[PDB]
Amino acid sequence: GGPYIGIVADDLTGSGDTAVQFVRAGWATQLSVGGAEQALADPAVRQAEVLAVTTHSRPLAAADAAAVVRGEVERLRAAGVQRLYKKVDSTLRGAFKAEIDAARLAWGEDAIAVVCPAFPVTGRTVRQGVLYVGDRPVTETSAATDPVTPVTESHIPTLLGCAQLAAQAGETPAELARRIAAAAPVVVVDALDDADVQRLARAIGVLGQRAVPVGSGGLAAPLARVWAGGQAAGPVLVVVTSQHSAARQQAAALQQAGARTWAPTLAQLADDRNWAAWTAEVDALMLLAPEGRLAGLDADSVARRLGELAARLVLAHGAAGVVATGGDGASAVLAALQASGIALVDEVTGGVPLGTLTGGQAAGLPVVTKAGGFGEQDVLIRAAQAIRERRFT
């Protein structure tokens, strides 16, 4: 409750663009067309999870720019904000170093400014610490002669007087996080693509409150998602009843990715002792249907049964959400939880909707449903991640 994330942007366009990315990840987000004071006095900030402000400081001189930035960062911290994102130009225009030092110092003594202004979908990347626009350093482009605030140094570590890192080939977020901490208090991190940006955002998540990302629009949605994921509780439960090959391939992929999987035979599925032993034994869990029907029962007995067990697990142990494919499975899971329907929120991808259960014993639980034959191989992985990386209120 109350403001959790503060976004400080140096111009109006950037503030609005970054803020909508948080809205799109489920965060209740408030935007000031000026500074934060106005916003924080209002009792409507009790409501808001994310507060975005503009310092209108991009064309200002260093000491004036620094001044406005330190004052807003103080107000946000005073107000209970626990994550800070500083939104800058992808192409470095502004009192870049001045604002970064002022922000980091105001945030905390142990604060780390993690600087990566990449925005890959618009062609900005960070390469051995250099801000590239397409295939050239930014100082070889029009911005070296921006009428208002030219750019005169492309190598961000030189600009800031700091260290520089790049994720290694197969590096994990946790491994990357260790190296950023070692490079405190200010470090530039490379990124060529969204995958690189997401890895960095995850590392930043691992580092928690002390980690102050400094980025452009490229870092916005990844941070919205990672910080939302930190609020997910319990495993995502995935129930796969389809015998469509697409679903079996999708299940195989989710298992490959580390989901703990119950894959019983027809005989085991009808044996409550087998269920009991698996549940005792056990960020995703998967129940995988065998082909056919349970001995002595219904043509729909396998899905009905998986639905009932999934519901038992959600109520007894808890879950961050449920993903069900295909339609047979989704119907069985909702029926077992006595859900009337799904209040829609958004989607994983078109045809794979995300909502919350309405009615019944698990009202509010995030749910994703999908037809058995639908989607690419990674779609259940993506579905589970979608649940985790959305803020629900």
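Residue numbers count along the first chain shown, from 1. Definition used throughout: the rigid core is the maximal C-alpha set that superposes within 1.5 Å between two forms. What changes on going to the form deposited in another entry:
- Core-based superposition between the two forms shows that, of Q268, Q249, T158, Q82, only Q268 has its Cα displaced by 2 Å or more.
- A displacement of 2 angstroms or greater separates the C-alpha positions of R293 between the two forms, with the rigid core held in common.
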Contents of the next structure:
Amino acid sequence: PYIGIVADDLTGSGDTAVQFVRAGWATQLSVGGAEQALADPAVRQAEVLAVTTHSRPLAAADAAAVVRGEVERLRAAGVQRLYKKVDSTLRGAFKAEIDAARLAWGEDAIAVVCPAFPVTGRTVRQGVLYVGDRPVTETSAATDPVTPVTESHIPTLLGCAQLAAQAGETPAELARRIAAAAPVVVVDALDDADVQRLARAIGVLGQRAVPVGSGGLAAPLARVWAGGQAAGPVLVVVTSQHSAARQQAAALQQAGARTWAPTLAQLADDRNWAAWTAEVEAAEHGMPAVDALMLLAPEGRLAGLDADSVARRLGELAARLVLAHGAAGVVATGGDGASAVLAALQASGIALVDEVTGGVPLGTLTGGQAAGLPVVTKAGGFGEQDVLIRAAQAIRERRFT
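To test you: the structure above is the form deposited in one PDB entry. What is the structure of the form deposited in another entry?
So it's only the chain below, everything else dropped.
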């Protein structure tokens, strides 16, 4: 395994494990500990191994003992990223397990603690686990029949430090504050936005980080740790004249896509186009790496230049950039644009994996010269304004194997 998930109960391990699957990680679940699964010859197949320590009701020391043994076994087996999955509402021998997982993971391990789960009403604000508007201790969790919660201020509960993201901060900036708060630190999160930030920061901290969280942090970390794979840029081709498409294009380019957008006269004959394309190719060869690269057909009509030729010209240029430089994936809109890109790459179809949203499928190319390249296709007029951003992003945040 590359990733190990150590949950304190069965529901938790299963829930978190499946979030890793939906992001494309080949995932194995043990209904107990890791030894039996790690014995089986087909463990090499599993990129993620999810286990439960059955420890939520245990006394501190018993809990720490099991957690220690499982992290030790995951560690010995070559695991490189560890997620400790806990209750969003803190139930369990919360402190003891955290200390045991920390120490077992390594000498410079950081426990980065944030059990928030915004979509279910749990947040961390100034260290405090809030359910809706109340500290967890004012909720039913205080009278859990098995494991009462008796402290809502996680920094008090752990005897550690606390951080709230300064400013409209960067993942890079947060990571650095987190690192200085080693070995244990609570990080606030108020909405899914703060949670995505924190995941990204954890991503930057790399092997040393031990995220301790609930379902909230799972999917975000699965995507971050999938972001690790990269093959160069996502090429986005936009041939459509539909207003929705033009706005979606504007939105992507504003987000930072490097954009080549030829005039009508430039697409008009082979002579202008050959010269114009050689410059695109030569420049992109030498320019800095960018996450998204867009090719954009111009608005309007020029006599004797038909829509299909525009599409072909742009698809052939896409195919040239994919083949000569490499790419993480291709996004194409509208239909004629998608057709032209598949044609120029000699692909026969798309092997579907999932979608960005209904009607915006995500798969990989079948046949031809870039078989296996992740691909997203979309009708020209379909989708909300942000869909091309979301499409490029969806390719980067999925594990493909």
